[PDB]
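Put together the whole structure using the sequences plus the hints.
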Amino acid sequence: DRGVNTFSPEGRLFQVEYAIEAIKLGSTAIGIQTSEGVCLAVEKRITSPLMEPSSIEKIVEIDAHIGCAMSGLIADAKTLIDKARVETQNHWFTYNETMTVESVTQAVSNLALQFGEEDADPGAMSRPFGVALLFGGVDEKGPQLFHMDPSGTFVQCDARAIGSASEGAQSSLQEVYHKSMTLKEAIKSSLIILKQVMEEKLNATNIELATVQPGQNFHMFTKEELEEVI
Amino acid sequence: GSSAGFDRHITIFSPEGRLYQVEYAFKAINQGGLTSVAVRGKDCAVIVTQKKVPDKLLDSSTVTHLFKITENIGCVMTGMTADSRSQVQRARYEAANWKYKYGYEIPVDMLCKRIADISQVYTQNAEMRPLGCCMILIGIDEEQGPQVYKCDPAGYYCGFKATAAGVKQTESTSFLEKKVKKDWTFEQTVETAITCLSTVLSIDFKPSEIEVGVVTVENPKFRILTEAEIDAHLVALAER
Amino acid sequence: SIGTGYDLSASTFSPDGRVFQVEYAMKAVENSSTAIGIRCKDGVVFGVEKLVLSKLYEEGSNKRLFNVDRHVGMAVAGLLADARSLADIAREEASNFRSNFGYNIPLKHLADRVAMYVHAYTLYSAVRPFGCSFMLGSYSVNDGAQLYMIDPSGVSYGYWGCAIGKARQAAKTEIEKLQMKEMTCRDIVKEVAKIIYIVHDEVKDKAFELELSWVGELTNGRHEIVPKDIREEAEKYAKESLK
Amino acid sequence: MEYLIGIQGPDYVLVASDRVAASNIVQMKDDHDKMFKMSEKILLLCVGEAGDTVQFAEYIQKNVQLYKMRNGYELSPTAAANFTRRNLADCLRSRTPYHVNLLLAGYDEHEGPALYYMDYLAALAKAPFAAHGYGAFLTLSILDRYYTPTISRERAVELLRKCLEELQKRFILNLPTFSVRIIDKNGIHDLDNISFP
Amino acid sequence: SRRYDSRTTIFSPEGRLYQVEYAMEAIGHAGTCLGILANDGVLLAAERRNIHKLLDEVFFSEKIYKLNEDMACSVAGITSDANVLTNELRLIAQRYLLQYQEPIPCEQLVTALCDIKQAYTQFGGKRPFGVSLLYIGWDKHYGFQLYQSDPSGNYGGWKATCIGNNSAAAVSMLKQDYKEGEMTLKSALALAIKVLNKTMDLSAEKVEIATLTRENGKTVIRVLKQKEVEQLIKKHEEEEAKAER
Amino acid sequence: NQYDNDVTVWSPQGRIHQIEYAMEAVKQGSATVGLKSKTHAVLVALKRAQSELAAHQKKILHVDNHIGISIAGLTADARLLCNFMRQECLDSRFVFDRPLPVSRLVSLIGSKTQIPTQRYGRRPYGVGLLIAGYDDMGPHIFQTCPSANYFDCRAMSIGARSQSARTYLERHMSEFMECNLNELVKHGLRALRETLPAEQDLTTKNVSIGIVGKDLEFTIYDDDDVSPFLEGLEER
Amino acid sequence: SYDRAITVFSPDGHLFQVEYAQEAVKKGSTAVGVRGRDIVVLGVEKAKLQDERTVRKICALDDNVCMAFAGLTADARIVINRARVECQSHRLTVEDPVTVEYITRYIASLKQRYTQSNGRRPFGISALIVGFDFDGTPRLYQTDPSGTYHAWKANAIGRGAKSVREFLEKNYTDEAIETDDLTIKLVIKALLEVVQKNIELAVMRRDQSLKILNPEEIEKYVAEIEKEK
Amino acid sequence: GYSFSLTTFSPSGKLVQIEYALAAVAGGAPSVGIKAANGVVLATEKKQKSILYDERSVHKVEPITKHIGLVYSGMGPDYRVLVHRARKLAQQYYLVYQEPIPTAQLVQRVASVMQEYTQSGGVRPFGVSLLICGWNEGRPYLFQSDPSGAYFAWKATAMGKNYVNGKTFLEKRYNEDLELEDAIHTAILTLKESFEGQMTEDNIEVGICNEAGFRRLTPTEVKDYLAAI
Ligand code: NA
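Residue numbers (the authors' numbering), protein chains in the order written: chain s, 9 to 238; chain O, 4 to 185, 188 to 245; chain U, 2 to 244; chain Y, 1 to 197; chain Q, 2 to 202, 206 to 249; chain T, 4 to 239; chain r, 2 to 47, 51 to 200, 204 to 236; chain P, 4 to 232.
Read the hints as simulated data drawn from the structure, not as lab findings.
For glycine and all other residues, C-beta sits at the position ideal for the given N, C-alpha and C.
Keep in mind that a hint or two might mislead.
[Said to hold, decoys possible] Residues from chain T shown here face chain U by an in silico Cβ test under 8 Å; the list is partial:
no.	residue
1	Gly17
2	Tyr123
3	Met176
[Said to hold, decoys possible] Pairs of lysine-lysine, DSSO-like flavour, derived with a Cα cap of 27 Å:
no.	chain 1	residue 1	chain 2	residue 2
4	U	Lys237	U	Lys173
5	O	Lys226	U	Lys109
6	P	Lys226	P	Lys175
7	P	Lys195	O	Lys184
8	T	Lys30	U	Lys64
9	P	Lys50	O	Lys181
10	U	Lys109	O	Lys55
Shown next, in the form of structure tokens:
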């Protein structure tokens with residue numbers, strides 16, 4: 009055995025390397041940042057007709073202006089989502105204002121290499137979080153979309169894909185993304201690219217769509233709204 | 004002599020009920036290269052060891068294996084030098100602490116039992132290693148006369164008429180038992198300890214080659230002998 | 002080097018009674034640039050072969066000479082971050098003596114205290130021995146000139162002359178040539194530089210920078226760097242002697 | 001200031017409590033319930049300091065409920081009274097002592113009806129009848145006079161009425177309505193409130 | 002240090018706890034110990050393993066431990082581990098009594114110790130307790146009760162059970178001769194001696213019986229005397245001989 | 004094989020392989036350059052993107068009014084070290100009402116980053132920094148590394164293909180002290196350029212600059228702010 | 002204290018201790034849960053000398069919520085008791101009782117924590133949490149050693165969960181959710197496909216308490232199952 | 004420290020470190036305990052490696068309190084730990100109950116410390132077996148406590164080198180009604196069964212326990228016992 013904080017001869021922590029590999033097993037999710045707002049889409053990956061599709065919540069609201077897309081170990085994501093919601097309300101309490109998309113992304117990011125065995129708190133994390141997140145929201149800098157991985161590295165993206173078919177979806181995104189594309193075109197491209205990468209056929213039960221645009225609050229598309237988009 | 008698991012790495016029993024790590028700590032004592040002798044007389048107790056100063060670049064007065072624990076208690080350490088200094092600091096602490104709580108100076112045996120008990124902990128807990136050193140304490144007891152005590156990296160301890168430690172311990176003890184079998190004055194006690202180290206190492210000593218420490222019933226304060234005082238004994242032995 | 006598990010922890014003795022983790026830590030000093038210290042009639046002088054890793058670094062970067070107290074100096078060899086961590090320990094040890102007893106810590110006592118913080122790291126699986134050896138120099142009227150050296154094992158001895166590092170033995174046979182017990186710090190400085198230049202390997206090693214410090218009657222018992230004036234004069238003599 | 005009363009019969013326990021929630025000189029509430037059902041056959045009537053009462057009574061309630069869920073059966077009025085006693089007495093020498101005065105009424109299938117008295121110091125007493133508050137000074141002697149151990153529930157209600165009428169005639173505090181409840185073999189039964197209009 | 006860690010609180014590839022399973026093995030080597038529930042009481046019958054001639058016999062038992070006024074227990078496994086657990090059982094029973102002023106109901110005392118045993122399997126990095134217990138008792142909710150718990154912290158209620166040496170053979174033998182609801186302490190004691198005779202390689209010095217009964221509204225726990233046990237084995241010897249005739 | 008696992012294990016060569024493995028994180032990051040004149044300290048970095056659609060990561064962060072840094076390595080460790088530096092600086096202005104001397108801040112980094120290199124279950128920091136500062140001793144350029152060792156520099160370059168920037172800094176070293184701000188920034192931009200393949204050149208998207216000096220507080224120039232500096236470089 | 006990482010990532014991105022905890026769930030007794038319209042039925046698979057009462061796998065956490073489990077029974081007892089405490093502590097903090105989602109989210113959070121904290125191995129149990137909310141909506145949920153949870157119309161966990169899930173996927177119809185006794189018959193018929204006095208069923212009707220049916224009552228439904236074939 | 008156990012169960016169900024600790028005991032110098040009608044004897048081989056040792060300096064037979072005594076086979080330094088702990092435990096009882104600790108009570112308290120070192124983290128079990136004698140409620144007691152933490156009440160027994168032979172000798176040689184004077188002669192005779200050399204009042208150590216409490220016999224007392232062969 010080796011410690012969870014062991015470096016590989018290449019300069020990367022083995023536990024963080026393996027946590028990134030866990031994301032390659034998670035549902036594919038896409039985010040597109042447009043002048044008219046950010047769109048978030050994710051495949052639910054339903055394994056049984058008996059399963060309630062409503063009980064799969066891979067797109068969550070962090071605050072009225074910030075949403076989150078997740079992939080990987082969805083139980084590990086539930087802890088960081090709560091940490092993000094608590095953060096925004098502690099900032100609202102202390103400063104009477106909303107947080108920037110970057111500030112929220114950075115806050116979640118600080119908890120990433122906070123794992124270990126020796127010399128740690130009585131309730132400290134043993135391993136990293138096997139999740140990747142996409143933070144799409146609107147602030148004074150306009151619509152912003154951010155990516156984050158188990159290394160704590162967060163970057164701002166015009167378009168990003170995470171999950172099992174990340175390589176392919178990003179390739180498709182690259183060929184269709186233009187900095188001045190409409191949010192209607194952003195949703196369509198996301199839904200087309202998502203239809204392409206899935207094993208099962210696309211359905212209003214099978215996927216989740218959500219947008220954040222100036223003059224509107226984080227919106228989770230309903231089955232009726234998703235049917236007219238599909 | 005079997006091994007199973009981590010019985011040669013940590014202080015856990017071997018299939019035969021042995022503690023290999025403790026056995027290795029006894030071999031660490033010999034790594035120092037030195038041998039030490041201690042003899043108890045009628046009205047005195049002497050300690051003697053080698054004083055190997057190979058380069059003239061050292062300050063000869065800082066090279067020592069003899070230490071003052073208290074005013075009336077002294078010791079000769081044998082083995083890993085830093086392990087030895089560590090044990091001398093603890094011996095000094097335990098002794099000063101004893102007089103503070105009990106209002107009387109620590110008996111030689113109590114300081115030896117104490118250091119031996121501390122050493123036993125290392126023999127039972129796996130996260131630390133035994134000390135690779137041997138401590139021999141001398142002192143004059145107010146009711147029991149001269150005392151010579153020695154403790155092991157094993158945690159064992161005992162009182163002795165005469166004792167040895169280090170590289171030629173076996174031979175030094177073989178010699179010391181042959182002389183005790185056949188009156189122990191201060192001169193007789195000093196001469197025996199010097200000629201044990203000399204005949205066992207096959208070295209006719211110079212006053213800078215050995216260090217002598219003594220406690221006397223007339224003067225119980227632990228005294229370390231000068232090169233001139235050491236020479237006065239060396240020359241008188243050659244007269245014989 | 003006995004690669005059979007017996008050499009992975011400092012809480013593990015090898016069958017022949019050795020602690021290999023301390024021996025491997027001593028090997029870090031054996032691979033280091035040489036540091037020398039000489040005790041003379043009126044003080045103690047330090048000199049260090051500070052190898053220039055890059056022309057980009059500043060003159061005086063990676064000082065291998067430290068002030069541990071106003072009267073105490075430290076010359077290091079080995080893993081610099083360990084060496085600097087020991088400088089902070091020694092500093093605090095000297096600071097705590099004045100707070101306890103109201104006067105400057107005696108050099109023998111500081112050497113003893115710091116050598117036991119070093120010793121402590123040679124007993125457990127939990128911590129690693131320091132990959133460092135260092136010298137402490139001091140001068141006072143009462144105690145005189147004093148030079149001590151501590152190794153990764155925690156051993157502390159008093160010295161008339163001392164060298165640590167790659168050229169440990171070669172520097173020693175040159176220091177042995179000097180009759181320091183009858184010399185002054187102005188004369189001995191020239192010799193320290195000469196010994197460091199002789200011991201230096203111009204082929205195997207790159208360029209080096211000479212660090213010179215002292216504490217003696219000339220400095221009023223204060224550990225100081227050798228002024229630029231005297232250093233240039235000693236380096237001129239050291240180069241002139243090499244030819 | 002507040003009023004609690006209990007009268008235990010051969011096979012039931014009758015209890016009543018005032019309905020006033022008051023702050024300063026004002027009667028903030030006329031319909032305030034001071035009884036807390038612990039079990040199907042146990043009521044904890046609790047009066048005392050401002051916050052201490054609801055805080056203490058509800059902690060015991062949820063712990064008696066946790067016992068029911070954990071074991072499948074409920075605590076007996078005796079075990080529930082001694083558990084209430086252990087917690088109150090344990091806080092006594094702590095930073096946060098509870099100033100609560102209470103009565104625990106209950107019906108056990110094996111031991112029958114039991115009524116317990118507990119003061120804020122946590123002394124526990126089993127009594128045939130009891131009362132807490134300044135009102136107890138005016139009514140304990142009415143109960144001493146007319147109470148008999150064979151008292152039927154219909155008669156105990158006339159006795160409780162005599163005690164509540166005494167508080168209207170002589171008590172300086174306005175306590176015009178009271179909650180009335182009986183605990184028996186079939187559990188807790190809500191009776192009509194004794195009112196003074 | 003990671004090298005020396007045993008990893009006692011971890012799952013094996015098939016979802017198994019090896020330390021818990023290896024602790025069960027230790028119990029199989031311990032003395033046979035059985036429990037039988039009857040209508041008028043409940044009993045404990047165990048194989049004595051301190052059976053040397055120079056033993057002094059200072060205590061009232063070897064494997065039978067009184068826990069409460071209403072409860073007793075017997076052990077199979079590491080006896081020093083069993084001393085820890087029985088002492089903890091006595092403390093749990095007194096903490097309940099101090100708080101509710103009623104004796105702890107039987108199943109609750111078993112669950113409380115089983116929660117300590119379970120903790121040894123999930124965290125701490127310590128080895129588990131190498132003990133299986135058989136508990137006998139009386140409470141106002143379920144009357145005469147017989148429990149069994151093992152190192153995993155798993156427990157169960159039984160009408161007849163066995164733990165220790167040849168436990169498996171004794172449970173098959175107990176299963177056949179047990180008569181649910183029709184058993185009395187007299188017939189169950191005959192069955193206890195019938196079973197231990199076959200599961201052992206038997207005299208009153210090699211066995212140890214105890215009974216729990218209800219006399220005048222108070223529970224009576226009693227370890228049977230050598231001459232009582234002697235008569236119960238003599239009686240079995242007679243019915244066994246009169247079986248071939 | 005056996006001496007790779009923990010920082011407390013010394014190899015039979017007197018080496019600590021975990022420290023050497025952490026330093027490989029610095030070498031895997033994008034190149035950063037730091038250099039100084041008689042009045043200024045400059046930091047320039049090639050910000051690298053994960054795809055055309057993703058943005059070029061923040062390679063330069065603020066520490067105090069007089070101190071700024073550029074990172075190379077584990078970004079989470081860089082943010083842990085940045086907040087320690089920012090806080091140490093806050094403590095100094097709270098207590099003394101005077102900026103923390105740059106060399107003193109760097110000693111605290113060397114002291115705190117050495118602690119994990121000697122405790123079991125602990126790991127070195129997988130980040131190396133280039134520090135730009137100004138105090139009573141003029142401008143400074145410092146270099147920290149996972150080793151916990153630190154250096155006072157006239158100029159420096161860390162990261163991937165950084166050895167190419169180092170040769171430009173060594174060859175132009177003499178001109179730096181008498182350089183003006185525009186020229187000193189050009190020397191940095193040019194060392195940064197030499198790292199990038201001959202295929203590519205510096206851009207207003209992939210270039211970050213940080214400047215601190217005699218009259219200027221630590222300022223970060225990133226996109227159209229970078230343009231004035233880039234409006235002179237155009238060869239190779 | 003024991004500071005050692007038990008659950009870590011393997012080179013292929015797996016959390017091996019959680020997958021070994023799922024192998025322990027797979028070895029437990031089959032547990033089926035069916036969410037009806039005015040009812041919720043939980044059923045489990047089953051020694052003659054053993055007390056049936058002491059080995060029940062359907063537990064009431066509170067008046068609104070109750071659950072079933074598959075896997076390590078001692079592990080399940082610790083989860084069931086920590087949930088029982090949280091139901092009361094929830095009524096003490098908030099005034100309202102626990103929603104069927106709240107305690108499921110709680111149990112799931114507890115489960116996840118044991119996959120990410122030092123010195124602890126995951127809980128080797130899965131749970132089927134049934135009940136009614138304060139609004140009266142029937143809810144069925146499912147948790148697993150990882151910490152993930154979802155709602156279901158019907159589900160199965162334990163020894164033979166795959167074959168019972170396949171049966172329930174093809175047999176969960178609106179006709180089966182019509183009368184309360186037809187919902188009960190679906191659970192018994194689904195369990196009859198793995199098990200051979205070998206079943207334990209519990210029912211929860213809207214406002215009334217958790218009813219644990221008796222063996223004769225179960226045999227009343229078992230007789231009609233053979234007849235309808 | 005090391006928070007994990009160093010004694011674990013082998014696949015066969017054995018606590019192998021305890022088995023290896025018992026080996027340390029079985030290789031130690033022999034010790035004997037004999038419970039007479041009016042007292043208890045404790046005898047041991049105190050043979051040292053050379054004439055140079057001062058036998059009067061350290062003891063194997065030790066007092067605990069006025070009425071309890073002790074002896075061992077195995078690791079000498081381990082024994083000293085248990086002696087201090089036993090003396091401390093005996094004072095804690097006396098401080099609370101103001102009555103000499105019953106020997107069974109001391110033995111159970113000392114045996115619990117021995118069990119601790121078989122489960123507590125980062126420690127090995129003690130490599131010693133104790134033989135504890137006492138006098139309380141007007142009667143003598145003889146106990147043995149081994150490295151697992153298990154205790155045994157004996158009438159007479161042997162430990163260490165050649166204990167199998169000493170135990171057979173004790174069984175056949177003497178029984179109950181032995182006087183304490185007779186029993187000391189028996190204890191010396193059982194030591195003589197596995198004694199290589201000439202037995203002297205310096206290479207053997209005896210302790211007695213009676214109405215007058217526990218005390219170690221002087222070498223002059225041992226000499227008079229050795230005068231009778
Ligand atoms: Na050890």
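Outcome of the hint check:
1. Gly17: This hint holds: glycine 17 of chain T lies near chain U, its Cβ roughly 3 Å from the closest one there, short of 8 Å.
2. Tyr123: holds, 5 Å
3. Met176: Hint holds; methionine 176 of chain T Cβ to chain U Cβ min 7 Å, cut 8 Å.
4. U:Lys237 to U:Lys173: The given pair, whose Cα atoms are some 22 Å apart, holds under the 27 Å limit.
5. O:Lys226 to U:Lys109: holds, 23 Å
6. P:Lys226 to P:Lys175: holds, 26 Å
7. P:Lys195 to O:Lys184: holds, 26 Å
8. T:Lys30 to U:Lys64: holds, 25 Å
9. P:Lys50 to O:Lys181: OK: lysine 50 of chain P and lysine 181 of chain O at ~19 Å, within 27 Å.
10. U:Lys109 to O:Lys55: Between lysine 109 of chain U and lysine 55 of chain O the Cα gap is close to 21 Å, so the pair holds against 27 Å.
When each numbered hint is compared with the structure, no violation occurs for any of them.
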